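Please work from the sequences and hints to get the whole structure.
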Amino acid sequence: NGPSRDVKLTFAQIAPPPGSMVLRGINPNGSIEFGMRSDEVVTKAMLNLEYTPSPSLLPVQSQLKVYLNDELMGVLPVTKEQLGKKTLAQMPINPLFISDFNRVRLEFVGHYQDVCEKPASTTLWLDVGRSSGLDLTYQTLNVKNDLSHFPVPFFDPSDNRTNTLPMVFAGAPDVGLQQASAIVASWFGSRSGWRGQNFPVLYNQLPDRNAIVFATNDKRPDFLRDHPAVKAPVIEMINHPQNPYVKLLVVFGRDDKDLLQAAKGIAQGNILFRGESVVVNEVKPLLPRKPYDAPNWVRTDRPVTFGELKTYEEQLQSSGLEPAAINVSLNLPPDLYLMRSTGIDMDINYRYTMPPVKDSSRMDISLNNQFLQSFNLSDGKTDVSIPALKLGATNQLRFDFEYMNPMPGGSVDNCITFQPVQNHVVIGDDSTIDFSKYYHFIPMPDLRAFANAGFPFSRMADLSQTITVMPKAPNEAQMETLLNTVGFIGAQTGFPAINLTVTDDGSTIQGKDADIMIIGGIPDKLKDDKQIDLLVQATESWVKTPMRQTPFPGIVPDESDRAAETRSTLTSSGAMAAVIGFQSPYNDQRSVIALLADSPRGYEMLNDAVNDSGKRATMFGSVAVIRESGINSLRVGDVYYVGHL
Amino acid sequence: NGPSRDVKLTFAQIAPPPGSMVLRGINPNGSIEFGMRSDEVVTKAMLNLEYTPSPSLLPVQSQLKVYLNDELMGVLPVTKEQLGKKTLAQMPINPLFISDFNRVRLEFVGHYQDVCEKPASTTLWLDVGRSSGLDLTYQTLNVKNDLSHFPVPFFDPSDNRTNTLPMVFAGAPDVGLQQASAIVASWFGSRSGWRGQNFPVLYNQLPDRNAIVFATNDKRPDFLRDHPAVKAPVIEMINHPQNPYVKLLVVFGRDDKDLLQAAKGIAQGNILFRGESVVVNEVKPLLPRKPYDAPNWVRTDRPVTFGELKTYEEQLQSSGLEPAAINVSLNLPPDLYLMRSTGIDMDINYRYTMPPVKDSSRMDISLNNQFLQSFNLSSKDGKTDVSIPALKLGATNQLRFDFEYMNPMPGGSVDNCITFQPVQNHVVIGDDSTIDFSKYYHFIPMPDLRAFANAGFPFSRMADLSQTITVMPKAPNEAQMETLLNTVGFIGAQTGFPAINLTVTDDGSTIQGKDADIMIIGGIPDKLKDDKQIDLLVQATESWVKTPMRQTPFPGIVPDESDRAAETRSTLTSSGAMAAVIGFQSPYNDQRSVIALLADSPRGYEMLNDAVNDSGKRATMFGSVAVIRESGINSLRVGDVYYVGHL
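Those protein sequences? They're chains D and C, same order as listed. With PDB author numbering as the guide, the letters of the first sequence map in order to residues 67 to 444, 464 to 730. With PDB author numbering as the guide, the letters of the second sequence map in order to residues 67 to 446, 464 to 730.
It is worth saying that the hints were derived from the structure and are not from the lab. Some hints here could point you the wrong way.
[Unchecked claim] For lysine-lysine, the following PhoX-like pairs were computed, each having C-alpha atoms within a straight-line distance of at most 20 Å:
hint: 1; chain 1: D; residue 1: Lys615; chain 2: C; residue 2: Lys210
hint: 2; chain 1: D; residue 1: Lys522; chain 2: D; residue 2: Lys475
hint: 3; chain 1: D; residue 1: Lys297; chain 2: D; residue 2: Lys356
hint: 4; chain 1: C; residue 1: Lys557; chain 2: C; residue 2: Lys285
hint: 5; chain 1: D; residue 1: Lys146; chain 2: C; residue 2: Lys146
hint: 6; chain 1: C; residue 1: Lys376; chain 2: D; residue 2: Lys475
hint: 7; chain 1: C; residue 1: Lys350; chain 2: C; residue 2: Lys210
hint: 8; chain 1: D; residue 1: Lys424; chain 2: C; residue 2: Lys424
[Claimed, not checked] Facing chain D, a subset of chain C residues (Cβ under 10 Å, in silico):
hint: 9; residue: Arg340
hint: 10; residue: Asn362
hint: 11; residue: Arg365
hint: 12; residue: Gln383
hint: 13; residue: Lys446
hint: 14; residue: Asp613
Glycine included, every Cβ here is placed at the ideal spot set by N, Cα and C.
Listed below in structure tokens is the structure:
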């Protein structure tokens with residue numbers, strides 16, 4: 067029973083990003099990870115494989131396995147007729163052994179010779195193209211409607227696709243309802259993370275997927291007039307009237323303040339939800355939050371070790387003939403400045419297997435897929470000084486242990502045969518890396534830090550000093566934009582934006598020390614035509630060219646190039662979205678980020694750009710124009726520095 | 067559907083200059099790169115290979131794999147019969163995996179012995195000839211017809227051939243239309259770059275490719291009829307009446323000034339073009355530019371680092387058993403006066419993998435296949468100070484770092500052969516290395532057109548060509564406008580900024596006593612031909628030229644008035660075709676060069692266009708005067724010498 071959704075997971079979107087996988091004699095294991103939502107069951111799962119073997123393989127003494135969680139579903143041999151030709155084969159997968167997180171590992175065995183075959187040879191191989199994929203049909207089930215499994219029915223940690231969570235309001239939400247929805251969206255985005263977050267908004271329209279309903283006891287939305295009035299803000303999870311297989315989270319409250327309290331409780335106090343109709347009464351804070359204090363970001367007050375950067379169990383160790391590279395991800399804030407220019411120093415405590423004779427087997431430490439240093443294996466506390474040349478908002482530190490075993494091969498008349506021995510490597514969760522020798526001072530008119538990390542607004546993980554303006558009685562598009570940008574800012578960090586301030590009139594902006602986030606439109610007191618570009622009046626627009634556009638500028642920007650040259654104004658008939666970052670006239674340190682659009686199609690394109698991440702990482706400079714043909718960015722305007730010294 | 071053109075590109079051009087690629091045990095990977103126009107789909111994708119293996123290779127244990135985008139299309143095994151004979155093969159490439167940029171990779175696996183094969187040996191080799199290219203067809207689809215993708219429908223950065231963008235007019239263009247077309251051509255050439263730009267000129271006729279038509283609400287091309295009269299410079303993107311596959315960019319307007327406004331907007335305000343029928347209303351500048359400031363030339367205000375000389379992301383890093391040569395192309399202006407031979411001092415900071423033992427592994431620096439210096443890889464990195472003598476720096480040179488590794492892999496004893504896999508070594512240069520050019524001055528002799536053929540110095544001293552005046556004849560024909568557009572686009576492509584503030588005049592009355600360079604496209608005015616610095620004059624079947632009294636194939640860096648003295652002015656007449664490129668001093672300012680591009684017959688104009696279009700011919704241009712005939716370009720340095728610049 068319930069709707070059935072056919073799913074085809076191509077080999078490109080689930081395998082590592084070389085596209086295809088090659089199974090040699092030293093690396094014959096090819097892994098593919100997928101997951102189950104924990105509320106659906108997989109039925110009629112089949113694995114297609116379009117692979118090419120090597121022509122030097124033996125027909126019967128060389129086959130390939132298909133292991134599903136250490137369970138052999140079937141073995142495929144290579145016939146003499148299909149030794150070098152393209153081979154297509156479909157294998158039925160038993161859905162009984164499927165679990166929440168499954169790993170299909172293909173093991174390849176090959177024997178090009180029979181009396182003197184040598185491993186690590188490039189004559190035997192079997193490569194699977196990226197045209198294959200898994201074909202499986204998920205079948206939804208009926209959950210127990212228990213709030214203890216929260217946010218299980220709305221967000222599962224075993225999923226890989228974007229988390230689309232529509233939020234149905236009651237129509238024209240006021241500032242309080244907007245703030246509550248923003249807090250909930252920030253929490254959901256922080257829980258999701260890299261999976262992607264999308265928050266559609268509808269008015270008096272029940273969606274197909276699981277959604278969250280917001281009520282006020284006065285402006286009751288549709289299909290809730292029959293529900294009786296409440297005395298306190300309650301959180302209830304009821305079924306959808308049409309189809310019970312989708313669940314709706316109804317939030318009630320006497321007024322907007324009770325709704326905000328309920329949202330705050332859902333954000334923080336969600337570890338003790340019990341049964342159904344949870345009543346939240348008292349949620350108060352004890353102490354404020356320190357700046358630059360985000361879970362995902364690295365701690366700068368003390369030296370950080372590798373134990374707090376694992377997010378895994380066996381990440382700092384490997385095995386096998388060719389020990390895979392050990393990757394550790396460092397999430398640093400985009401506000402880092404070093405005048406000493408000596409570079410960050412780390413104490414590596416790597417250990418390895420002592421080879422028989424020194425054969426120049428090495429280990430390479432690389433950063434951002436760029437070689438950094440090498441160390442010969444001939464168990465240490467090496468001090469490595471990383472030159473700060475690509476340390477942005479996110480990077481990857483990769484230790485690759487390159488080995489070559491000087492194994493003998495006998496004489497011309499007597500060749501010896503054996504099996505190659507494996508070697509293990511491990512770094513150890515005790516290697517520290519210093520990050521307190523850096524300062525927080527950067528020239529910040531650009532949008533790269535905002536698109537990648539949300540710096541001007543995510544200085545405090547809770548967004549305490551953040552004022553977001555919104556037009557009077559917003560429509561669905563502006564609310565969707567606000568929810569999406571807030572969820573993105575929350576996902577870049579690890580804490581929900583709970584203390585954000587949503588306003589509607591510009592009077593509150595006057596005389597207030599906090600960053601500004603324009604969504605609907607720039608107010609009258611702003612857009613003084615100074616240090617502001619891309620004013621779009623829904624009819625025409627003008628853009629300034631900064632006298633030069635050179636890719637890959639220097640680390641420290643120059644002011645002779647970043648200067649307005651010509652102001653080109655023009656009227657059009659299409660749709661565009663403008664992301665503009667500039668300085669606030671009230672405070673020098675604070676900034677103003679404006680995401681505006683000219684037409685409903687422009688708002689849709691802006692929401693799509695903010696939702697995804699492929700088109701967001703390619704945004705930099707102080708101005709970004711998103712048109713029907715993609716996003717183009719440029720760096721124009723004055724330069725103002727945020728930070729002390 | 068649509069027309070399907072068949073092109074068979076060979077490995078002679080899409081491969082390194084040597085053409086043939088030999089796959090050995092050190093670099094068994096051969097690369098062949100080609101782009102996709104993003105507007106036409108591939109439908110045939112057939113590859114032809116002509117390869118010769120080595121006789122020592124084993125038949126079955128050796129083979130040749132062919133990846134398209136890291137996906138194995140097909141594998142060709144060696145056969146005992148074709149062990150040492152030339153082998154021809156055909157491969158059907160799957161067009162369902164083509165992308166904007168495809169890199170076909172040929173990998174060679176070698177096995178000549180079973181017990182012990184010496185890695186990186188010389189007996190293992192499989193060569194491929196330079197007549198083994200691909201055969202593929204392109205089927206053009208229907209474009210969405212929107213300006214948001216502009217200038218993709220009219221110029222794609224993925225192609226490699228010259229973008230022939232024919233510009234259409236209505237006959238007898240005026241000065242405003244001339245300068246507007248020049249601005250558009252300059253912007254298109256700047257966007258194209260080294261791809262080469264050709265701008266054919268059509269009058270009142272319709273092309274068969276992507277073109278740009280101009281209109282002023284008056285004197286229209288006669289095929290824009292029934293179109294409403296516009297009140298502003300609207301820019302629409304309409305289809306061709308004959309076949310809707312090719313698109314035509316129509317630039318309407320009210321007068322000749324509106325066309326100039328539209329051209330300026332297209333050149334500078336092309337970032338917010340959306341939908342179709344984009345109408346500009348105001349495009350004004352905020353501040354002027356500075357001399358010797360081009361988006362493509364290096365900046366002399368301060369020492370520039372290697373981070374601005376990349377044009378890529380992984381250019382300064384290479385991997386493999388033998389890392390490839392790291393090439394960085396820096397284009398400096400030819401005005402640098404370094405006759406003192408002080409040398410450019412650069413602080414290079416290179417990182418590499420330390421070998422197990424000092425084994426003469428070293429890096430070599432080269433400047434145009436030269437040898438600047440060598441640094442051993444056993445010095446136990465660092466800010467190495469390298470002094471490059473300026474006695475060879477031109478205007479489009481490059482710098483090549485070659486890391487030669489003497490990888491000492493063991494081989495075992497006399498009785499035991501130790502076989503293994505050779506570990507690779509990486510290498511990176513880094514973006515922290517710097518090279519200074521601010522401590523130099525601008526002062527050079529300019530009775531020379533080499534700096535004009537390369538980097539277009541005289542006119543491109545300023546990026547926007549502010550003080551640049553181009554004279555034109557009365558009612559220019561197709562050839563004159565074509566050569567004007569071609570030279571303007573070439574100047575714009577050599578630089579990075581479009582020529583916007585240049586002046587185009589139909590008479591020599593404005594150049595009298597005006598501080599600006601002079602570019603003669605047609606004939607020399609009667610007032611300027613009285614000068615004595617006219618080395619070569621091309622009249623109606625009457626040409627004369629002087630002789631420098633000597634000519635060395637490799638002249639010194641310092642000019643000598645004695646070696647280039649004028650002697651034996653010889654005149655003659657004929658009935659052939661010949662174009663002339665002359666450069667002399669202006670008699671109005673004493674520090675501004677006048678360059679003229681003369682031609683007499685239409686064949687001469689076509690020859691001049693073909694010469695100034697491609698860089699292969701322009702590279703041969705040097706000296707003070709150049710003659711272009713059916714046999715090519717021959718240049719000589721005659722006349723007096725005048726030193727332009729300061730100090």
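Among the hints numbered above, which are violated by the structure, and what are their numbers in rising order? 1, 3, 7, 13 and 14
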